[PDB]
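Use the sequences and the hints to build the structure in full.
This is what each chain is made of:
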Amino acid sequence: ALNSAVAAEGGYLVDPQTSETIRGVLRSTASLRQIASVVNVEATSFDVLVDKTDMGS
Amino acid sequence: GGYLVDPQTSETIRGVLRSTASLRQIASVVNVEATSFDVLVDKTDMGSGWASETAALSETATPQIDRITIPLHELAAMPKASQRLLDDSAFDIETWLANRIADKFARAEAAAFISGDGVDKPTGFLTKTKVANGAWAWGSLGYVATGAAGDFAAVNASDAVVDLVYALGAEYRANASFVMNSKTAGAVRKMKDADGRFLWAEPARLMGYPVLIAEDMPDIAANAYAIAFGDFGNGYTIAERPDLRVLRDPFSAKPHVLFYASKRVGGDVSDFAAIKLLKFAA
Amino acid sequence: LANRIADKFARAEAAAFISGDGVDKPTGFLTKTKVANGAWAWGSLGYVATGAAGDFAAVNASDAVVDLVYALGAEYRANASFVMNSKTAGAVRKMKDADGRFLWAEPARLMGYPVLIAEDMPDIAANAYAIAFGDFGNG
Amino acid sequence: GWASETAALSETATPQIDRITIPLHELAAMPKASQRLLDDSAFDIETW
Amino acid sequence: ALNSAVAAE
Amino acid sequence: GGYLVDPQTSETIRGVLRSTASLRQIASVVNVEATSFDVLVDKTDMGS
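Residue numbers (the deposited numbering), protein chains in the order written: chain Z, 89 to 145; chain P, 98 to 298, 305 to 385; chain S, 194 to 298, 305 to 338; chain W, 146 to 193; chain F, 89 to 97; chain D, 98 to 145.
Hints may be right or wrong, so weigh each one.
As the list claims (entries may be wrong) - Covered stretches of chain Z (chain S as the covering partner; in silico rule of three or more C-beta atoms under 8 Å from a C-beta of chain S):
#1 105-118
#2 122-130
As the list claims (entries may be wrong) - Below, a sample of chain F positions facing chain W; criterion: calculated Cβ distance under 10 Å:
#3 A89
#4 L90
#5 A95
#6 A96
#7 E97
These are calculated hints, taken from the structure and not from any lab test.
Note that beta-carbon positions come from the ideal geometry of N, C-alpha and C, so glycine has one too.
Dropping the structure here:
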């Protein structure tokens, strides 16, 4: 019941409260995914079909 | 009949209005009703595979976890107020002091959150075993240096600030803040081109990024860390109780009231990469 | 862990989307048979060059960036993005006029166009492709 | 304070209070307007 | 504040 | 992960046990109110 500084005089009653959420170092989430063309695909591959030339008028 | 005019006093007792810029509105304020606070951060990270079709995938790493314990100190101030004053001074002195003691506390712990040392008070980030950036360890804050001693760089000035920015990590720079005292921010603003025009153009943002004008960091000295920068939303953790518990003391000072009030607060650095500093040595 | 493994994956494939090679992982656009712009073929990406080797152009600096913009096609420049690592973007920002004032003025947009600070492209080397630009919505 | 665990916390200062008295003077101006003008000059001279 | 004797407190 | 685990504190505080029987239950317990209780005992016999 004495001071909270030294352990023997009731310093073992203070039981430090931990975090609510385990934090972490926060690394770069800049991944080009938010600027590229994200396509859902449930397959083995994906096949874009682009046009390398054009018509004439 | 000059004794009939009885000058009307104020409605509200005013006061000098001191700097409320306390880093509390930019740091990570955490409610805690305990003796301490324990952040649990991750100093490393995992590894990824790109496993082949026939690989029989093996083990990978796992982020080892580093605890920092917040001390969560107490802070008290104790004015001595006379009982005769508190009964005859129709301005409400009790709520005036509690409105004024709180403004001292939010002004006292601004030194604790930034330039506080270890004992009995939170360590601000300035006293956290500074390491020059590039050899960045975990248990230490990074800094870049300027070059010349008592000023910014001489030949190419204003480049010690921009690399301080671009060494803070691309994720941390998303919501960061400069921290200076108000007499260094003049010496930054006084920098000018070869033409005599000063080059940097309420929030007093600098290079777009917000600037918290603190009042605790040293100025441009020989080896001072005058300019701070980083993401204080992850870098610094403030732990506190959200009240200002007042105990009036009618008994010790017998003709006095002796307000004893104490809110208790703690907090030190949380993410060592989320703050970079500026040394002026070399 | 599932909140942390996902943050590694979105950090691991950022190297795949940009500097990934062919085997077992996506090829980012850096390893796609670079061709100098003007002789632009189909199965290859264009590039412009700077001039001097380990830095930007010496006499007229900052003109290797603006022609990189105006060789991207008028339709693609409508919603494009610069891509650099965070240590090159300093060396871009450190460029200055003859007066000592640095010339380029959250999104950290450059010449108005948005900039995605990646963390995978090389810095200013002898023959590195340090600065990327274009319409990644179609590219 | 930043009082230690075993400190027996002592007194502290208290903001001494300074009064400034506003004098609250009066200010007057007195134009002289003719009664003949105020009755025949349909612009409302009083509120003007 | 302090005493009611001297004004400035 | 050793920081991620924390012990249970307890259900309550315990203590070493002490002796209870204290001569209070065998002696004469007299409820008194003034500052002092006075017994009046005669020192010697009648001596007839």
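So, going through the hints one by one against the coordinates:
1. 105-118: Coverage by chain S holds here, the residue count being 5 at a Cβ distance below 8 Å.
2. 122-130: With 3 residues closer than 8 Å to chain S, the segment 122-130 of chain Z meets the three-residue bar; holds.
3. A89: The hint holds - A89(F) has a Cβ within 10 Å of chain W, the shortest such distance being about 5 Å.
4. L90: holds, 5 Å
5. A95: holds, 8 Å
6. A96: holds, 5 Å
7. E97: Holds, because the Cβ-Cβ distance from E97(F) to chain W comes to roughly 5 Å (cut-off 10 Å).
Violated hints: none; the structure is consistent with every hint.
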